[PDB]
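Below sits a lone chain in structure tokens, taken as the form deposited in one PDB entry.
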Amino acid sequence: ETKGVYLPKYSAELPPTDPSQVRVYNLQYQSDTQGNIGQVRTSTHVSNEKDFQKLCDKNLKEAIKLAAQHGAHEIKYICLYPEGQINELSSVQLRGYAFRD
């Protein structure tokens, strides 16, 4: 199960959009966060390394859902993976920034 929060940067609320309309980019530069309308963080527990990219996709699905609910047409994101031995507290995390377009 995938937890998720959306943190709006502005109190102005935009009309919701559909998840299929959200364009998706890898967050690469510090300058990439400029102009965002909010942040999104999602997380899923992981017990096997073979599931990293699937769990990142699960994280991204929840992040797109939250961003679309707040009207964003774009997300730039990175998945964070557990460092070292995987245990009962390990999770694949996602940190993203939502954009009006």
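We call the rigid core the largest set of C-alpha positions that still match within 1.5 Å between the two forms. Residue numbers count along the first chain shown, from 1. Shifts are known only where both forms have a C-alpha. First, how it differs from the form deposited in another entry.
- Residue showing a CA shift of 2 Å or more between the two forms (rigid core superposed; candidates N48, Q30, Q53, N26): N48.
- After superposition on the rigid core, the Cα atom of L80 is displaced by less than 2 Å between the two forms.
- Taking residues common to both forms and aligning the rigid core, Cα displacements of 2 Å or more over three or more consecutive positions between the two forms occur in 47-50, 81-86.
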Given for the second form:
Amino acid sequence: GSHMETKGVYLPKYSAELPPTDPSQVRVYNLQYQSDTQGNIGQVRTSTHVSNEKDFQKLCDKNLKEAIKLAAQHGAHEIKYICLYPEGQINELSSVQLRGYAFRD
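The block above covers the form deposited in one PDB entry; next, return the form deposited in another entry.
Next comes a single chain, given without company.
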């Protein structure tokens, strides 16, 4: 599929800034349950337009790599994430999204 821009935002629970962490050492887990969010310091949300991509695992991975980088920039030691898709018809103007919760040890 063609390259498309992956946008990301970090949504902190609190105003204090934490020292950045090394993104390669962020621990990454699947977000499986509501209770998994307990204790998080904030959320990371990323998204990429679908365009002509047919491999949606690649779009989820693209979202995840940006989410890891962004969460690490804001001090995360761990993220728990899920990739999300439109409930309606997917087309080239659709977006694949990721919701991640960031944690500090």
